[PDB]
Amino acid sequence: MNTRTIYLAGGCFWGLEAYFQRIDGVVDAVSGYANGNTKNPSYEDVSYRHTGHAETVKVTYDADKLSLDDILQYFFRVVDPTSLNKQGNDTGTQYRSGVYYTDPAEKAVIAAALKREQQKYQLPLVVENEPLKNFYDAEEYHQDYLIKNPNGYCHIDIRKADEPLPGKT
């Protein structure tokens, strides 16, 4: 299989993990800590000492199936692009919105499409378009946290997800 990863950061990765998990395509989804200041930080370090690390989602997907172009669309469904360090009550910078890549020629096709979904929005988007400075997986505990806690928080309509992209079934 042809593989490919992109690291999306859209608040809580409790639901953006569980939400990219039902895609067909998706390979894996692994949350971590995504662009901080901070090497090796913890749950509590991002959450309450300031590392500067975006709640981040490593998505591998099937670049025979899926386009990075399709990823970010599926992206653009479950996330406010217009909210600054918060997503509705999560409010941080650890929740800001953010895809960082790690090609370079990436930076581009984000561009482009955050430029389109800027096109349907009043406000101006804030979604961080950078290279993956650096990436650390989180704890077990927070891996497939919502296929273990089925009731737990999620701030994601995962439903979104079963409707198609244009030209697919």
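Just so we're on the same page, rigid core means the largest C-alpha set that superposes within 1.5 Å between forms. Residue numbers count along the first chain shown, from 1. First, how it differs from the form deposited in another entry.
A movement of the C-alpha atom of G92 reaching 2 angstroms or beyond is seen between these two forms when the two forms are aligned on their rigid core.
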Contents of the next structure:
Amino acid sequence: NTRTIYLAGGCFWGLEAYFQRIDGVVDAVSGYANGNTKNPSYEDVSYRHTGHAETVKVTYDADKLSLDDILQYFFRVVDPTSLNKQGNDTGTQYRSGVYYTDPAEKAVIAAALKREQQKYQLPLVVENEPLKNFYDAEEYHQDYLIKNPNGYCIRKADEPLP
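Having looked at the form deposited in one PDB entry, could you now put up the form deposited in another entry?
Shown next is a single chain and nothing more.
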């Protein structure tokens, strides 16, 4: 029926809005994943270096989209290279990553990253790790762009897949 995948690719306000417009995506929940603390607030993540990455929990209809499809959509809007931000993204708020909750997904993600690397001259730095921890962002952050259309940080979601 449904499957979930966790994606970190920058400000979750934009990523969330992007995925909820895709046909087949059932829900997109903004949150904080794979950090070193429990139940962090936006302030903790942004200022206290808790290690969490702004992440979107994407739930999709397995009858409409495959995990591979979701990943291709992901690669269309994320910067999977070191150019995503200055220096090492390890443990940073806007780092790129795909966090799995099933052992089978790890191979799908690995192969997908390998294929994506084929189209990049620079090395990809996207993390492929299990979902260590995930904490829902404050309610104020959910559907942020639907409530605040001019928020800082689109049509790639309309383009059909291979």
